[PDB]
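Just the one chain here, the form deposited in one PDB entry, laid out as structure tokens.
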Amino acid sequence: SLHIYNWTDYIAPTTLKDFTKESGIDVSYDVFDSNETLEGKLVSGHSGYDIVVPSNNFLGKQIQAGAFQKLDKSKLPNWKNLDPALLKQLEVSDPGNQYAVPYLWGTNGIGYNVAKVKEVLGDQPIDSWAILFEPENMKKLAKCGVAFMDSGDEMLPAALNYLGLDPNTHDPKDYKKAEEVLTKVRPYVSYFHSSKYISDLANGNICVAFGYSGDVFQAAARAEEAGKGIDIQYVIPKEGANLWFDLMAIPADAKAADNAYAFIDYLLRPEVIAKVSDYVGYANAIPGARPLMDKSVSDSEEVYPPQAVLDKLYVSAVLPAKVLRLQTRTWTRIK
């Protein structure tokens, strides 16, 4: 049997049977609905899993701990289906792409109620982080409600990048500037919170939010299924944004490596990862998949932004503990 550990509801309906029918490998497929759960089992040394799907942040930090084993690429002949630019991006967390295979990816960006933005901003294009970081815009959006998330680890890199600084900088002086930018708009923010924006966007209670792509899509789908006309749009701004990956990796402890390579090689197939994207609605790293996919997904700039944007995405590097404390420190003064 092949043991897999992934997020709940994060796979296409037919994927596992399709896989088992073609390789004859039986799968034991378990799920988690929180990051902490997976990381906990991985830090202990023995999660009986052959495949786990960690975040590129978690994996970057744990490589050094030896939580994962190097991929024998001779058993991944579909590796050549992967997009080289996205892979190059991924090296920030996994230098040489030694341990990890892209599964799905997303961004952070701005989620917003289209009609409500128009009432206070008119037809102004919503395509810059200036919408959140310039007093001229925030001052007007404050009327409808602007939600910011609640940790500097995501919001501070955004502002640094907005300013054109290195989102992964270690320099306290760069942090000061981004701090300055954030504090000038602080007054116009209704709240700082992990997740409140999802329902507030969906319900019609706020008009704009700093958010992650999958969370904004959830808000949008919830809005649509409510039937009250609330239209939630997502945008990756022209200056770039964070790029985050969920990954397939083999734990160090892993028993069935060969079974596992078979599953991984399978998901690198265009027609296979296409169905996963169609179902979950996130981008994948296999350009072969694009034409095989639902248009609402591959033709949507919410998930596949134009090239000028793709060029400006940034992967979070592993920051020294000192820098993580600096973010936190700066984030507190801001609130």
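Positions refer to the first chain, counted from 1. Compared with the form deposited in another entry:
Across the conformational change between the two forms, the residue of 228, 125, 306, 77 occupying the hinge between rigid parts is 306.
Here the chain moves as two rigid blocks between the two forms; the smaller block's rotation against the larger, from C-alpha superpositions, is 39°.
Given the form deposited in one PDB entry above, produce the structure of the same protein in the form deposited in another entry.
Only one chain is given; partner chains and other molecules are left out.
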């Protein structure tokens, strides 16, 4: 048996069935919708999981905390399937990539109901964080429903970047500026939640959301399958946005490590990770998977962004505890 703690909506419907059928390893699969939730479960050091899937910045802090056991790469024959350039980018969080294996990666941005936003805002381009961070826009959108993430790590750096400030800043003066932006639009935010926004966008309960790329794409697909003419779109705003990577790691106290290795090695296979990306709308770190993927996914400049776009994006830094406390206190006052 194998216990996995992963993000919501982050796997294909038959990925687990296919693995179990091929390996004879059964899976207990639990989900969370925010890094803060996972971090909560790891802080104890007894979160009895064999695989967990933190983002790059959280992974860095958890490695410093000794949350994970070092990878025995001999039990990952498929490691050589990984993009070396991407592995190098993650070494900032995991020097020598000793603890974690890239899984999926993507951006945050704005997901929105085209018709409903046009109705409240007219025929203007939806291409700025201003849509969510200016009261002039939000006071109008409020009535049709708006979702923000339940996460300081997401919202504060986004607001900072919108203001032209360093999303990874250590400066309390900057955090107070970001706080002000967020507090001013809070009355218009329907709710803070990091997964509810998918079904809400799909069925029209909300018109706009702060969202992750693939999540928004899943919502748009559900909306098409619904057959009610709902058009959901994802936008990486002109001010740029977060570029993040999710990675699988094995808790230090894991009971079934060998089973964890089998699972991860299975996911490093091009045809397996292709099916996942095809379903969830997120890029993977396996160059061999591209030729096998749906062109609708691989040829999207929002799933796989070109250099002109990647240049506007910020990667979340592994921050000192002092700044993370600042971030937390600021978010609580807002939330």
